[PDB]
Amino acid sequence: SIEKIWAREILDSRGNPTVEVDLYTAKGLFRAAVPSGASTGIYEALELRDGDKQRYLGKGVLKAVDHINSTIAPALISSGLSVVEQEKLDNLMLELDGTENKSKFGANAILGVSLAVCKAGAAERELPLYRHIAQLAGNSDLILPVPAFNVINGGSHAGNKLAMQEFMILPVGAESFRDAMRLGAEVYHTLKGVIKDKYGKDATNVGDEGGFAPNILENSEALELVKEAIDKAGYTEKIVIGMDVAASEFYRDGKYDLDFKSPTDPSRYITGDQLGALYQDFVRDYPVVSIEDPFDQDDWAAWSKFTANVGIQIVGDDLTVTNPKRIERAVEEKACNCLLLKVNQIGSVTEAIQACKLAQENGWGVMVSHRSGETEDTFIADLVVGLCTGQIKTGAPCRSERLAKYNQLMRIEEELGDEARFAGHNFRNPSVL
């Protein structure tokens, strides 16, 4: 049972306030924290902010913390329920909120508490978090995921002209996860040199996700750099490329703009038909095997088209916003074959696990993801393992809000011993391993 719940305001990796919760049980103290996004789809579970302009620019989260300490806490404590009952405790909060998008308490308030409970439940069962999570999702044989490092930030994640948002490297040819870390870290370091020597030292700083933010515009340039770093590191036959366009960030009047960070100019606009032609080039020119949000969150048409031709992975983000309703539609229209799992987009663990299953049962793939605004919390590490998704993207091997996850994953592999199995080339369908 829950003894005491106490939330507070801490700062995420961007310097903005976020929710953190301490949940007490006879087993001990369990703490968790909520991440925050920069490029958020309109259909995302509401994130409740204070709006007090004279404090943190209105980004404060004192209201969400109050809802937790003064309302949610006594509610879950009275329930007498044990922290092991994730599904029950989560519903109680959903019902108490009473809104569809968690607009009364905020998805950040409910999620914080949900995460803390999961951790407490695992302890009550004397099992590591990833084990408890697997039991909740109904899994048995855990599997370490292939990491997708965003080594080159763009869009709203970094200061530069680059339209597209993320350019990732996936060590599918690694021997294990620990080895995958070495490959990604090594390629990343080489990449720093390639950029320094080609664009100068003043271009080796990093963006919100730890990726380098050079001063360029061409989306193919970023792809050439990554391809070079990989080859220069001697991993052409082991590391592939993935990317997140985040078209919704530059959607303007039924036209995708590859230069939104620059003064508005309708002259430099392309249609979804054009935008898709570019990907067909990227997929053939570079070892790209995955493309997230290649179109706008409401451009269902283009999506179903692209997926019908390409044989690679098409990840939905703002299109599905980890929401069963939006997913049902995409599954129906075959708009994509992969789901990006963002827990704070749905607002609770229970729904996130249910959202993952919905994807998997439909033959889709699942990539657990962080938010551009992260914290030292490492929950998603045990999450991706417990759900056996086989793939996670939680930043470049730079900035600890990212490394915290990757380090925890290497510990999980260590903890599994011989039972540790790397997804590898089966990152899309690890159920065969």
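Positions refer to the first chain, counted from 1. Superpose the two forms; the largest set of C-alphas matching within 1.5 Å is the rigid core. What changes on going to the form deposited in another entry:
Of the residues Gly311, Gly254, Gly200, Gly98, exactly one exceeds or equals a 2 Å C-alpha shift between these two forms once the rigid core is aligned, and that residue is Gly254. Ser114: CA moves less than 2 Å between these two forms after rigid-core fitting.
When two forms of a protein are overlaid on their rigid core, residues whose CA moves 2 Å or more are considered shifted, and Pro266 is one of them between these two forms. Relative to the superposed core, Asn139 shifts its CA atom by less than 2 Å between these two forms.
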Given for the second form:
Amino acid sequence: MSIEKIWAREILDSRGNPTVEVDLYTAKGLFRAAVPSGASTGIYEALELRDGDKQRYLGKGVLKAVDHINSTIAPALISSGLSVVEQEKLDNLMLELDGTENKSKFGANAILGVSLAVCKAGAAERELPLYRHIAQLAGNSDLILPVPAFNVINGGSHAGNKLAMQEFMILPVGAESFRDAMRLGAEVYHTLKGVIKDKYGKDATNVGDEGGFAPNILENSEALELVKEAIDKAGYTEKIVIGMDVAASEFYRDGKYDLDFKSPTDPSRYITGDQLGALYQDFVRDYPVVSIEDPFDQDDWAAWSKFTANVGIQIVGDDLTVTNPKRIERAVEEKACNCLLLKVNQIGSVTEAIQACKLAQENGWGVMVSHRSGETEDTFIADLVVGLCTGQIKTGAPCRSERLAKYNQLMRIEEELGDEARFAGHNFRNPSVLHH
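Okay, that one was the form deposited in one PDB entry. Can I see the form deposited in another entry too?
Keep in mind that what follows is only the chain, not its partners or any molecules around it.
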């Protein structure tokens, strides 16, 4: 009566690893989605189910997840006779069939793939663009194009350099529109590539998983100066600001923090959380840093709360919250942060990710929709960030098409929305104040 067919297969993601793609068929046609993947397993993440056969793709095959869709999830959904518009009921049906709290039986990658395909097929049955269907599933009316946060400089475990902080990003908060923000981002990206080529050599301009550069930078402040200089030389000093992903859990060491964790271990150099907090206040004074992700360890709750109570910038939970609602509730209760990173495959279904998002927003938080380091040609999260009206998305450098595919789709959405398109701009934290 609704779903004609559901067929899953194994494709390759942007790192050359297998992942789940799902085809769903209705009288309106073929609706296809693919699943992203992080670099490592997180303890609070919903389970990404992998084959573990070390011969085939080093044990990263997803044949087990694909067979669960084709042999179990697909018949159950078709036989339920539920319409594809009933996102919550079909999601609930899969959560019940799985019957585990972390989706360890089918894998969040199996369950998500169907959830995304159902959402796409539901939008066509409603005769709505995907982003408007999502807005209705979430209870929004006034769509917003987000500020993109473009990865440009990498450190931490992403790089062989001494730089201990993981990612430095640029946000074109001063752009006139989302299409204008893509232009400002690309021009600074290329300006910065030129600067790196001259200062560090041609070798220093190859790219990492998310399309950013990882030159041999030694000091965290030298990276910030590099980014500031590319923005200034591109001519956009006041229109482009900086975001950072510290990923502080990476250099967390016995209750302290090792800002040189890639040099031979020396405990005497570890600094306390309060010492790390003071270093951030110096960055925020000397550089236009408006957002910091994971400034402290994912269990260092006391440091988060003290920093968030004492600075006025955006403080993003990533490893702290893990798109996990029980963790979010504790983070809200302790005022640990004021923005949620939203990674849909960390929670495993469209419904639960919309609920995670409404949990944060109803408590005054920003929400930044996020990519994974292993992405696909899928663009679902571009429609998601518009429908959820969060005003901010980080989905890579303006380089590599698993990133540009999202940005290109957002420009198409802006074009479709026309005179009713509102760009979040300097209100990326609170886009609700914009619409009239």
